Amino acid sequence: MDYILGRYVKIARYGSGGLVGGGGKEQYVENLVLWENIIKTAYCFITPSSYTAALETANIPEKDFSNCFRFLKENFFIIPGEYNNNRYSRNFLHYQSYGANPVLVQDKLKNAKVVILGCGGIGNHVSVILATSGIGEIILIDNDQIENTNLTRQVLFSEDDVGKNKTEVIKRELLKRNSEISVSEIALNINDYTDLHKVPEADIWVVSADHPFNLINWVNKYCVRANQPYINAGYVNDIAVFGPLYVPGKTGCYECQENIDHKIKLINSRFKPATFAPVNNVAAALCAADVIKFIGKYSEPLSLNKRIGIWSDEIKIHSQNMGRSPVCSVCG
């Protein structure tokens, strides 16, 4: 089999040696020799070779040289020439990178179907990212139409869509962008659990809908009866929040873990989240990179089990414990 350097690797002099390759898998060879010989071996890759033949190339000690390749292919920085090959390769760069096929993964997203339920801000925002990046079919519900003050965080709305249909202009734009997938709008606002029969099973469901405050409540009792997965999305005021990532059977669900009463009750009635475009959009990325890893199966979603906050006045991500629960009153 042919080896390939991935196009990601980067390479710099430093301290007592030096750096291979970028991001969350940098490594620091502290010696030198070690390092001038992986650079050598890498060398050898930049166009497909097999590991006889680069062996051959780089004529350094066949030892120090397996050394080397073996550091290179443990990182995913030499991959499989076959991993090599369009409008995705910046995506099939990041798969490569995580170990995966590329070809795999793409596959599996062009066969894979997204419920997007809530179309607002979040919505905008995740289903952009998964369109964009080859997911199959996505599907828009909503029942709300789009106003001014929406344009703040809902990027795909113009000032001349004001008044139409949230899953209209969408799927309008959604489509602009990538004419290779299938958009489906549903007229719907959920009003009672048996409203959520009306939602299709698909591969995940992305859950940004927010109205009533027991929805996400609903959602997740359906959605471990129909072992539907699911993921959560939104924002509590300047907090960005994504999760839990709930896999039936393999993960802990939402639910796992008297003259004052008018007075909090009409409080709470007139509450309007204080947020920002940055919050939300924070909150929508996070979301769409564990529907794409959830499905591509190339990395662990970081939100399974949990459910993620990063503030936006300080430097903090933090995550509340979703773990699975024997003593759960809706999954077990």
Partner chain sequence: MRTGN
Second form
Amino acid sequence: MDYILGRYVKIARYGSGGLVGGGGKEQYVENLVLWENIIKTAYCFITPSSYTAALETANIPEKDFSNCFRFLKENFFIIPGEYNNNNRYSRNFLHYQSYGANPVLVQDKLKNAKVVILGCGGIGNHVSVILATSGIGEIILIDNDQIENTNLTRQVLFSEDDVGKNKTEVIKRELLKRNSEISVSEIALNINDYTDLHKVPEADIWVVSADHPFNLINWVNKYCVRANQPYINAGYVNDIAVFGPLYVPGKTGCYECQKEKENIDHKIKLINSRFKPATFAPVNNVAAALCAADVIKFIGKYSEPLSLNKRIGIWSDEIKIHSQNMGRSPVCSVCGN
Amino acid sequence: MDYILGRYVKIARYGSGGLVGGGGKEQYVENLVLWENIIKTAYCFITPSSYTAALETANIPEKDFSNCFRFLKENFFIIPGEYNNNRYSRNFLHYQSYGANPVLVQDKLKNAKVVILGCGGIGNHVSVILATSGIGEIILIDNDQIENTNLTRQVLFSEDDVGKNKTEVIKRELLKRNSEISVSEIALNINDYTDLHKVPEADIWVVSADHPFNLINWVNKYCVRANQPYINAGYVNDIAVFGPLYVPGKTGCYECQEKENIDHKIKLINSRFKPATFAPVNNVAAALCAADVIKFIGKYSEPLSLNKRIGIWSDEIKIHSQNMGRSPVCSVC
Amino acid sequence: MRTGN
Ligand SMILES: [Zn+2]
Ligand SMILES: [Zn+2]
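Now that the form solved without the partner chain has been shown, please provide the structure of the form deposited with the partner chain bound.
Starting with the chain above, the whole complex follows.
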């Protein structure tokens, strides 16, 4: 029944009292008397100790030490001594610990996971490297396209030489070169109609990032609603990084839920058919990173993925993030009544 | 004087009228008729045409047309045909969407020298983005060897690289992706305020390193005594962070805005600190840091972190910036 | 933010 202060907690005299912990969990306590007692209690836990073995070394009243202990424990500033077991994924461990999770356990869930990356352009490139190096067991690369030179902007795993080769091929080569303890596989396919979706295997989650055709997302959705298959969308609209929704069968809203005359209508169609995204690495990467963060959480099960029932957008030309509601609707034409 | 519609514009029927543009420029138009008129004039520029011409082309009232033209030109949905000319091709629509001549922006970048003071997580990511975007010369600064525990964030390193010098590998991997760029390495680690002098002069310094702790305070004060621009980037566990971007005589910096018993425990506990790394957070901070460098050097748009330290949460939907503009009462400026 | 990803 040992507890130990996590190495990720930093304290700091601030304002009247002080700060405890860093990041999203940072707590500000105004009462100097209390803040100081928390510091004294935490100090007693630097070495794996039990509640009592720690109180004995404390020079404060058992009542206070107790309130300080409760503080530290709920915010996960102190965690079970067992959660501290040189590994290649050692870095990620502190992260999981900070969320009250068991590193080992989490890592275990990732290893037994199978993830599918649909469309290996800019998004699937970054998502796959994050997932691969984080410990995802199997990755299925689904893309029947070829590397060009103009692709060397957001596709971080490619070198010019690779030009002419298959994306799915180069990614695997590059993924294994970074983590040989996982398995990668390719599927020469390109979702053209709705029928092609049957060609994609079953898996913990599907990362859908390719943007073609216009209503590709809509078929992946439709299909996945009936296939009870979890999936997450990612991409961008020019300068806006976008990720989500993260669809989960029976516990979340689907893409369609919360959803031009004669000559003008043809003009609309011609201008759009003429559309080509204004790609930009920074935007592509923000979208990929946050998408991957959500896939690791959804699978690791230690914190709530952000894009559950939401389509999130992060701007690049202004400090702004905004999410569109996509919660379950009983009145849905895809998975409703 | 020819004008051409951008490929990055999109349109759709929505609510009462429609949407024109995608991304931050996306504007909703109420008047269904004004919408329809906007697409009608935009239609005359799928293929390049001058003002006068399009006018004698589209059958819309010279009044309504003029309005639609200016609208499209001001939002940059329509640009000078000359701006529509390559390796950095996919980046041209981005600069075009901000009303800049991609070739000129692509040129400012080619003539820039960027220094990456820290080749770990942020360094790796910032470094590959600048290189593949065209930053002409990049100075990689550091004195550490690749480890196994690093393959988690340093997207450039492989298992077969473990042990080698970071700058050595980052440099190889960069030239491998953009063979027309000039990279270089300097085996150095800032251990004291006197180490900074050993760091070259450049358009901007990407301060990624986070050791010692008070390295950013050191750099702030030094960069002011060298009139050197720098942008800090990193993370506070699960919160990505980038900025401020310091620009001599234009913005502010990291300086503007005794009970011995406890202070002991405090120091002892803080010395055991270890950051709670997470690649997603790392990547976001680096992506945005790089977007700011590319903008600062390309002048086509305002960097987001000018006078500001931005934070992007990861366990919560939230972005927040701590303003810190110029200030007189400072220990550096 | 009102179109494809
Ligand atoms: Zn539904
Ligand atoms: Zn100052």
